[PDB]
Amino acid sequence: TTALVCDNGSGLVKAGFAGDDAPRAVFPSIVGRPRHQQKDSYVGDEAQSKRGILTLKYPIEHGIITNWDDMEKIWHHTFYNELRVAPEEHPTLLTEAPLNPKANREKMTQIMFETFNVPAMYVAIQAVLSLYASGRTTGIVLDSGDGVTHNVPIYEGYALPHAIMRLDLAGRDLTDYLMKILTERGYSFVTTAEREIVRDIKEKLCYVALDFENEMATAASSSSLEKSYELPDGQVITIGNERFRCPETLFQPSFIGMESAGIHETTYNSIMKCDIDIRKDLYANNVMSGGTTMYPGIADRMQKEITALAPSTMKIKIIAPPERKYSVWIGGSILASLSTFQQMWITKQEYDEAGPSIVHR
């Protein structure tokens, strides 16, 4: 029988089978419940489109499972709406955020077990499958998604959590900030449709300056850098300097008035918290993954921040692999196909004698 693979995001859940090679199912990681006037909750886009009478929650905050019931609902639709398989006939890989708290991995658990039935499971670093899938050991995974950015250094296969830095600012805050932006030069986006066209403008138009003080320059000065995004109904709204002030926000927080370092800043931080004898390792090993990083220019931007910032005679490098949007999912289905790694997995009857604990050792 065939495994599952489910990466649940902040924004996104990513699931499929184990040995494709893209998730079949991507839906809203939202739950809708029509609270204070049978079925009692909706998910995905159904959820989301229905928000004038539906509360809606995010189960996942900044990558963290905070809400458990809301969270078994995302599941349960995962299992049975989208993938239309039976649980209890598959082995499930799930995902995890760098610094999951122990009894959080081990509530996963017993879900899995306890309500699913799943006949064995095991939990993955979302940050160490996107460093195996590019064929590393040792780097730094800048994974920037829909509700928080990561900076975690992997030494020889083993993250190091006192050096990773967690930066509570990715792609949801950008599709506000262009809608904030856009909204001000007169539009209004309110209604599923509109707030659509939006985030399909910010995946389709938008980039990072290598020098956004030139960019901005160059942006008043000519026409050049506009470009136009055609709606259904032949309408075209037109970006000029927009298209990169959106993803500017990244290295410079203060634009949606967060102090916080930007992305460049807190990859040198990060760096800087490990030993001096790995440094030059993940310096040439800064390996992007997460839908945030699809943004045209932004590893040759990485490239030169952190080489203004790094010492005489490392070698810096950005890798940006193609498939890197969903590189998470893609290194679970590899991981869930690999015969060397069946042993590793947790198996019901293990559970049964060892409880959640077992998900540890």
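Residue numbers count along the first chain shown, from 1. Definition used throughout: the rigid core is the maximal C-alpha set that superposes within 1.5 Å between two forms. First, how it differs from the form deposited in another entry.
- Taking 2 Å as the criterion, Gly52 counts as shifted between the two forms: its C-alpha moves by at least this amount when the rigid core is aligned.
- The rigid-core alignment places the CA of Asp233 2 Å or more apart between the two forms.
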Second form
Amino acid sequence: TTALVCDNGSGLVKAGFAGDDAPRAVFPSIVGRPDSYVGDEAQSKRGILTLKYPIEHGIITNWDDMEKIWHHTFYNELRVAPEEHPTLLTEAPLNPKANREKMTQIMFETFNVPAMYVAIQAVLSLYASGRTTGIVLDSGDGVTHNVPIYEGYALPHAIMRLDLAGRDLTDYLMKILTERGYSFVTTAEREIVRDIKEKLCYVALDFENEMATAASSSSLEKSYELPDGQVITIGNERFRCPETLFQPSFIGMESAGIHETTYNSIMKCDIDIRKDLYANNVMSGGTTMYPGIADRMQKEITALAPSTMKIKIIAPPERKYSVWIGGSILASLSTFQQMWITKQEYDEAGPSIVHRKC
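Which structure goes with the form deposited in another entry, now that we have seen the form deposited in one PDB entry?
What comes next is one chain alone, with no partners or other molecules.
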């Protein structure tokens, strides 16, 4: 009778039970072949295996391997019979109709779920923020989106997408680190540089002032001990890596930074709701965990918004898991119980039924 919440990301799957304050399972969204290995075990044995990510930039692209992940999730991680639980899944903003249908079809036909629903990730994070109106900046491992939401529902005409998220920030850190110049090739050293990124990187409040500080002192420098025992130092790489979110030209992207996509998203919305979007800017996803990013957004958004506008950036400490938390809350609501697509409903309509109800 308990509902399941599965939040599938490009890099990590977050899964659990509705009503819980946290997912029971969080693991890499990967499948490895030399049988098959999924998640953590596939990560452990990366030397022997060739890995594949079934979700790219938030869109499920390898359905065969996506089935392995859902299977592993239900049977190994959550240890449930999917046919006994309503299941809530998540999807990226502007997820193709065909994609939501194929998801639906698989849940009912392969997993035989009694009921299901597919919710938009960013909407779910807003709900975890205690709100139904606001604009969410969701940045994970594969994609970044700005999603303005009004009274519970996303405004799709106004959603912005930026193909630049955590994996790109890891690659850039790897690049600039090698310019320094250390050596980080393997999938091993990839985890290593992802770890450095997550423990030592931060976002400068003023980029040019921070560089000058880095150039006139070794005070911003921090050491990092590698598995083998080697020790490395990074100074300005700490803030240059995430600066890329504000300045996509750092990795050769011709795109507005996250401060501007936020602005552009608000400007595609009705004038009368902008005040509320500016006062309710919620940060979501792992790539929004950089210290100083909330303050930098506040500064950048202030510079762009009308002079008198109240700007507020909400950056919940649990934001690596906001999407999941939002689904856990939504799926447990009495008011949502009629929104589930039931197997009888599917049995009559077909996968297309997902557009009507989700």
